[PDB]
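Here we start with a single chain on its own, the form solved without its partner chain, put down as structure tokens.
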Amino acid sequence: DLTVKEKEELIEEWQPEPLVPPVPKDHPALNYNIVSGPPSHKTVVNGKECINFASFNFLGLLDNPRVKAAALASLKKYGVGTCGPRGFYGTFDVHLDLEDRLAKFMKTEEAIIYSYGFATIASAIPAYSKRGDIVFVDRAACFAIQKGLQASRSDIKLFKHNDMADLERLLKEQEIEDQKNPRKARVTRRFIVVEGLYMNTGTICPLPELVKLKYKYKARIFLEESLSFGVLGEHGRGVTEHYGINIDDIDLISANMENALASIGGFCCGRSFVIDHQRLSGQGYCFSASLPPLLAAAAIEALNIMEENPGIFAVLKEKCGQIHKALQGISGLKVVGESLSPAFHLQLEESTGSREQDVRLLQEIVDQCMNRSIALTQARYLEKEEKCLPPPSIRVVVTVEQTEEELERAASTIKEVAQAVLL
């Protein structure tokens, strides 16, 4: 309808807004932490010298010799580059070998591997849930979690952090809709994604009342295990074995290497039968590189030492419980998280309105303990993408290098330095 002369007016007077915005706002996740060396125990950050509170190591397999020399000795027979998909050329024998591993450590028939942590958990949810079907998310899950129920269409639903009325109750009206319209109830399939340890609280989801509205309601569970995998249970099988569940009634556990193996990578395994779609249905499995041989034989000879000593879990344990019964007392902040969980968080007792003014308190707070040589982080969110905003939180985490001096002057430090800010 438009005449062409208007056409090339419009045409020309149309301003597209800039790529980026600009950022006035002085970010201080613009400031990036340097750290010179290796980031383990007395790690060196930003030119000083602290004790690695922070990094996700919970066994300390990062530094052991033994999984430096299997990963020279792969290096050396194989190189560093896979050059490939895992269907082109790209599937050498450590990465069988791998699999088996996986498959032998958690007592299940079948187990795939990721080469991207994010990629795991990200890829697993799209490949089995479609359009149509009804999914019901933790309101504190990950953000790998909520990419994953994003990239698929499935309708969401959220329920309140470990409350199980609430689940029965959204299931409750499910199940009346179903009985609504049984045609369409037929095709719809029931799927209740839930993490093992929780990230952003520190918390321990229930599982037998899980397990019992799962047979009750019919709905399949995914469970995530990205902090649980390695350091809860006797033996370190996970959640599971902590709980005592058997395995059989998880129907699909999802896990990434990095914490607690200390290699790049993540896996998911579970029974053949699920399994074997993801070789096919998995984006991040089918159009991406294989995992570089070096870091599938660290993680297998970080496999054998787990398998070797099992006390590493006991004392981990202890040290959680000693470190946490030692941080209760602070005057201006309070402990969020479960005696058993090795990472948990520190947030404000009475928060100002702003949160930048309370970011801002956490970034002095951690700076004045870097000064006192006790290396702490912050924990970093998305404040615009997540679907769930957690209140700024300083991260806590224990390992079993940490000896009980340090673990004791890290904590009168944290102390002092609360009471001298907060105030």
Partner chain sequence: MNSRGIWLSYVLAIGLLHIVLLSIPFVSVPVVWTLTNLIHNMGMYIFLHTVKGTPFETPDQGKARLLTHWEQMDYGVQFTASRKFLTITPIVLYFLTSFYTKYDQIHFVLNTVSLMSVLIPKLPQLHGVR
Second form
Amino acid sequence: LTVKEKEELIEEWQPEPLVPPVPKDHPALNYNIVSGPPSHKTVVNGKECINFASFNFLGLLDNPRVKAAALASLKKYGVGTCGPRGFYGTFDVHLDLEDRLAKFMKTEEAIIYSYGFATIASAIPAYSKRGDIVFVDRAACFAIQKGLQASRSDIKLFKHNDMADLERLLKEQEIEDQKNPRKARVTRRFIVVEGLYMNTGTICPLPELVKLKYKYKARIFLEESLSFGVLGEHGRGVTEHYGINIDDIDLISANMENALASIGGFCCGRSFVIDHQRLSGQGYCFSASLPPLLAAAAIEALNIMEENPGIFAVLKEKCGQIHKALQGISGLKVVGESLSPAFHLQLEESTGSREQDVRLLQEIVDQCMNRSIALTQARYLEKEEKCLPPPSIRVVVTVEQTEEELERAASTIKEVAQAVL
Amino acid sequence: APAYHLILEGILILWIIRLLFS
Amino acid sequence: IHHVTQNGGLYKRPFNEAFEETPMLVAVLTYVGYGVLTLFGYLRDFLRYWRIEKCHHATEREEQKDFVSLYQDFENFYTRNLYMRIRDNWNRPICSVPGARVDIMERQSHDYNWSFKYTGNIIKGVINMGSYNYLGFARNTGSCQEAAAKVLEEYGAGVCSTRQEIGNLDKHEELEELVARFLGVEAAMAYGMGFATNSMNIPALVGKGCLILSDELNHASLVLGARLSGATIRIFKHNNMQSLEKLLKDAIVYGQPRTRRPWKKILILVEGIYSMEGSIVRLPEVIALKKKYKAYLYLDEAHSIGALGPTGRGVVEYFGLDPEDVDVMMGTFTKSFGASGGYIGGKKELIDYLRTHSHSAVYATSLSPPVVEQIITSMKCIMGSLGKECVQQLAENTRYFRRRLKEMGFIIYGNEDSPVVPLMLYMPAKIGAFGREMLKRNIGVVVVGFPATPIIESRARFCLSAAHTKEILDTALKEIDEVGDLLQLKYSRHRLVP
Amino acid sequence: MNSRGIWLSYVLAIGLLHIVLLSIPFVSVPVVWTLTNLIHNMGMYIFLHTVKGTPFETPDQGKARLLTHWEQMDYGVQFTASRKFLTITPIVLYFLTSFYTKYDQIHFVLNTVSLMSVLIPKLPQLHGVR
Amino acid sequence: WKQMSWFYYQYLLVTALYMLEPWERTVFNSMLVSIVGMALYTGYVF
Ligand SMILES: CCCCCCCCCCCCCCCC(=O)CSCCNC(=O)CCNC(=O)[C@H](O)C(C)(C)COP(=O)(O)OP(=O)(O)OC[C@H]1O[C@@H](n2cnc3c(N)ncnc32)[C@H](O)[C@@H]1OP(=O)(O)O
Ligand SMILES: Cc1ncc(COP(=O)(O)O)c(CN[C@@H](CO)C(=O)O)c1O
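The form deposited with its partner chain bound is what I want next, because the block you gave corresponds to the form solved without its partner chain; please supply it.
Below: every chain and molecule of the assembly, starting with the one above.
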């Protein structure tokens, strides 16, 4: 019954603290400070160096055309919006960019979010509900994993890049379908897949995954946040790469931060599906919209990509020779295809643990800053993760490099890889 | 002037009161 | 000193918050209205097994689409049947800077709101009362905004990297030292979206085996970050200390549901000046009550970071408490500073943990240069020249607008000094009609319903500003009085006659 | 819910279903009391026991679309203040259709049957079977 | 009284008739005249 003298006595209860004491050894703790803009020739900690770890694959960041078109829209709009876009928060630069992205991807409509991590964390759970089943790549990025967790449902992970395993896993759903035909009519299936993964670094097989959707009646959500403005003859995603109609890929969602060098994300598709996020998109309505000087810098960058569709051939040649020039180093190996831009350098013959394994790569990175070359290693959260990648180094190539600066990059890293490993 | 339901019509008053206290 | 309670919390100034009760005549006629719309909803949805009555409207591909209906037939019975009838009152585009008078694009539908066309004419002058423009820092030609275009040249328009790896500029450290001296805390950290300060740092803090003591009507992002954390959520009633204290000493004697063990830690998520019912939290009574039961407090001042107080710093300065008494502080720079993003605030043993384990610092890119150099020069202006003058202006526009609008005979929620003023429209047809009549009268307002608030509690919000003058307000009070008689919105038993 | 306001509309709904279904002089009989019992018991069974789901969109993300209206309301709490009111008032309509019926066992077989198809699904035993 | 134009406007608001299409707002209006028509029918007997 727990009388009033007992219930006051049980107030000796003391809790855990709000935050455990992070150790000094903790790797993330120290952040690099960059003076000036993080352009091609950046200054990291007072060291003039040529970077290989920012994502502006087309430059477009120190472009006089882009910085002039974004200055002319600070002079008539100020900086910020005020309202959350359902309430006087659409500035008409927004209407002019959602209209202009849908014509670039040749679809019917696009929506624009104001932050790149929430464009796909809030677009998965608007469609997927509790009684579903989603088949994931299993090499997916964190932004998908946070969207799948909010869309409470059944998540089933198939192995990396194999249709055999994907097929194997669909056939069991048709078995459980015909064992309860009544309830198999009310549940929808989705396949969530990426093009050019940011972990593994390869492309998914898309032509044999689309003729596999017409058999098992699933739906495809492609998430091309890296291959938007990289792959294809016109830079048009991964569907130009293979030659597949866009009317077969359902939802498509990139972000405007890597090839466009801006802030925020979009999500383009047909108007039957893209017209349901305005009210149920969690991050769309309950949040302020995008500053109109960032939406004017994204129209102008999107004009530059249509003036020369020949910038996509000098990015494919550029990234082709540095992937050949890193094949004979002893200690650490190359993961990714020739046409892919990031290609992180993994560590071959692991020492033993992780904290020791990160410590080996910290010395290779820190030694190269003294030569001329800036690079970083891929950061992760080891505890909140469905499949944890091994430690690696990320090597990001851009168009504003040179054959001479690309070779100097491969010969310098081979000279210090064997002097530490 | 009942016909034949006045017992069950009595127990419906009882079932209200058994339902009410909770 | 002014008022002490049994919860131990003491108030130094009076707390006068009133919430009128529905008249019960109006409350009947709201269900008569909502049922009619529903009854006809089926009728409009009845013609779906015959695609001839209505065409050229969003439907499946029908060339290879024999899958499961993507939207449940019963489902979305609100977007395409009730929202769509009065839909021309929300997504209104703008042609100029959003301070005081603003241009509106004129549009017109022929399909009874299924597709639009933009005529060409723009309403040149329109008093707007739907923009978080406190202290009015939203202008195109200002001294504070003149130093944001200088850093927009050399710096760029967006760092193509993440804070942990090559995406940490030197602008980002000179902001996080300035905020910590603004608030009165030891460290700080800035993010880039204020929605994702909450949905990305609540799950890094609490976990599985902890209790979250939410408030009945919080924002949708505090709801999201408490769902991703895996902690157990219990909802206490709106601004009710008796309902919290019951729910908080019932959770200590007992424990985790099935296993009955003790909880690991308990945190309470509250806000300052809630947007829907604009009302300040009873903050001396939570702090005097979390010291009794040894819980933690997640304060969240987004609608009061520049908008309330003797100098505008916080809901903490308003009550006269020391900030070093609240575990975490949240904030967005979109309301009073006219810039995107948001901070978080606390001790150095917490910000060292959030620079390390938060989801945004490792996967998401950071603030863009130009918008980070606008929050810096606008925060410096508040400390002084003329920064303590525009705060006193917003304090006396609130009082004047509020009593002159309550003496008329409307039903207004909220506290006496809270610059969001909700007017009550308890009918679903007056949502689509109060919004459309004010454009004839040259004034733009904001009207909401079920998506943001309770279905039966439709209202209209009147976010004030310091760029509003006395002559702008009296023009607007002249036209609410006329529309208040045209649709009969004056219904409150009391009437504060002067 | 507004417990005074939602009950008052519900009582006025019975009074409006009674006054329109009254004396109708092609059928000039006081069996319109029995017809007020017949329509309403079949009306409740549709809107509280047949229609399954919720009228909005993504309430709490995924929420129970396989649960009826009677068993999704009030967060599934047994006998609160309104669950009694919804099971005490249709049984009182049985009493009024026997003071103006003056039992004659031909409309009686339509009043007890229409009462059990309302009373049995409100029992807190069977919860999810159908 | 000429002011009957205003009293009809209130009938559209407090019955949610205002936002309904004017090709299917008479279906409601032609029904209620017959409901009252079948209620003035109702009136004589009993
Ligand atoms: C006529 C036309 C009308 C026109 C209108 C159009 C409007 C135009 C658009 C304008 C755009 C406006 C932009 C500005 C917005 C603004 O200025 C700020 S306005 C921001 C206010 N927004 C909202 O508040 C929306 C979300 N609100 C809720 O979600 C409520 O809470 C419900 C009562 C609905 C859930 O109630 P429920 O869902 O029925 O109950 P559940 O248990 O199913 O809840 C489902 C899961 O969430 C958990 N949970 C429920 N409550 C919770 C709470 N309190 N605190 C923490 N968690 C809560 C439950 O524990 C479940 O967790 P799980 O067990 O993990 O699944
Ligand atoms: C606790 C909390 N967190 C976040 C936000 C909005 O985030 P934002 O920075 O994206 O506007 C608000 C207010 N949200 C406002 C934004 O103006 C709205 O109208 O939706 C809030 O109260």
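Rigid core here is just the name for the largest C-alpha set that superposes within 1.5 Å across the two forms. Positions refer to the first chain, counted from 1.
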Inset, instruction - For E12, state whether the C-alpha moves by 2 Å or more between these two forms after rigid core superposition. - result: yes
